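Just the one chain here, laid out as structure tokens, in the form deposited without the ligand.
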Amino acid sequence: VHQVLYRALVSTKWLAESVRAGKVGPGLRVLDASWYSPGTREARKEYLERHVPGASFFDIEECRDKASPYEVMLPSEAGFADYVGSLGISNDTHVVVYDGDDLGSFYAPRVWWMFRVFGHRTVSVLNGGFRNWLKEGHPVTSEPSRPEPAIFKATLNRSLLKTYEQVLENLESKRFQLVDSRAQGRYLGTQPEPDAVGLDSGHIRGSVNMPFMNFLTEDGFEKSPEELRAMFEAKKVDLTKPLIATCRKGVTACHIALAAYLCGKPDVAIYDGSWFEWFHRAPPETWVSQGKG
């Protein structure tokens, strides 16, 4: 089972029984892919302390194009491959991803999207994250997880990724819908982009703003299809037409993609470079801010 539409979301209950069943192994690998702004939370430490039994830590910082000047850029296929392989994940395993965000889901979508872009379809996100796992009393541990290495092969699926040149052309073709998942304020230019030197805020021209946190519920669970569908709609985003999601560094843009997929559209592509690279590569005329004119 890989699918026309594979199980994008698994539940806590689901994960718990699998663990109990002794399901975690070569066919099922769990991953913590938590990441937080420097000086706030310590993901890896947090992970070492308590993690779903048998879970591994997935390091965003390690898994990327270390050689690019931009933030968290996709690694190469070989890179990706060796990485996931060492975590004991083969082309045959079903990958479950989670993060510790208080919102319930921040970085997990990113990892989900990363597997897919590299050619794996059997990957899913724990709905309501570690937040929920804990809140429900599921089993936690600090024991070390040491998976046996597996061989994984990956293949880039160019259609789920967009580059600079491609978003630029889109400026003229207008063929795909550009949706921005950043906080309204950063989108509008009213608030500044954090963790950058000289980086101005604002958005690519003709982009639409869809704040990630709007797809989650107070309890930190994904909204329901009916809910998601009405959202894209109220926003004048047509699931029927082509769509490109962007953000700051192509992280929460993945929340646009997962929401579309549970809505039946699995082909939302992600602008990995995002605003960070855009701001440093494009002509200023291509963007706008509710400030610096």
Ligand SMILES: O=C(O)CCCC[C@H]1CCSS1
Second form
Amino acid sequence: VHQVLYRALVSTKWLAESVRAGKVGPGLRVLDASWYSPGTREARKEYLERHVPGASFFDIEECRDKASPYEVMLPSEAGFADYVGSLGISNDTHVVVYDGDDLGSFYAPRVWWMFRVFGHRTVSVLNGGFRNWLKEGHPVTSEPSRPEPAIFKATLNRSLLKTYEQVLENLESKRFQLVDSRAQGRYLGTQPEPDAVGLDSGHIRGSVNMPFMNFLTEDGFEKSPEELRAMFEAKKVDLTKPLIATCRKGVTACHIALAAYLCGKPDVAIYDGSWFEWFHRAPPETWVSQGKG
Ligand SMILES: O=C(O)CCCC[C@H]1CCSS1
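Given the form deposited without the ligand above, I would also like to look at the protein as it appears in the form deposited with the ligand bound.
After this comes the whole thing, all chains and molecules, with the earlier chain placed first.
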């Protein structure tokens, strides 16, 4: 976020050179933000086995409001600050974040947005993810990264965040386009919502659906700005108008913010409670499912 936008995307080549130049340290910290559904892949063990040299593991399980009923909700400012500071990240650190998802990117945009919603703009996503780091035979190690702790000051940037009450008001004001990044079946209500008890699928009334995976090429790279721009247009999403991205739990919604950011729109707000909180708090009349409800 800013007028001149920071490079939201860093290439593997760039990161490889910076690592051989011995640049990771207080000025450049790398984070593996991988998280996968319980029982599929083991994000921390994978990290411990192979990570880019000097990278730390960003634990989204830790860095969240553990007291919330809802899923992966932001920590407080102090919480974020202490966590990120123990990872050796200061306000001066360029933070590069990747994950090891097979699609090339899944949680890394969420952590990109987390740094940005806590006021830190020098954060980038590794374009192609650890998948392409690996595919290109770049250096990996199991060596422990033990950064010196740093002090980090986190300041919540409220316009990059939307709450329940704000999305509810928007049902009436319609001043924000609400774009849902979940896969089409979950949006339409034909596919069930995974990993929850008694959670129906469907979508908030008035949402447009832009499945996050459509922003990535088959190789795991971000599509070019041109292709992105065309996708928003084909979906009637106007990038000059307010946009709130939502999804299941505030995570893939960040892909809509990253893609919009690469198209010159820095201010997509994330409905962090997303469908998981919406279903649980909203009147049934505010959403629709093609399998009715
Ligand atoms: O996305 C699907 O349809 C399958 C379930 C995968 C779970 C994660 C993806 C988006 S919410 S958690």
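Here, rigid core means the biggest group of C-alpha atoms that superpose within 1.5 Å across both forms. Numbering follows the first chain given and starts at 1. Residues that one form lacks are left out of the comparison.
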Q: Fit on the rigid core and then flag the segments of at least 3 consecutive residues whose Cα positions all differ by 2 Å or more between the two forms.
A: 1 to 3
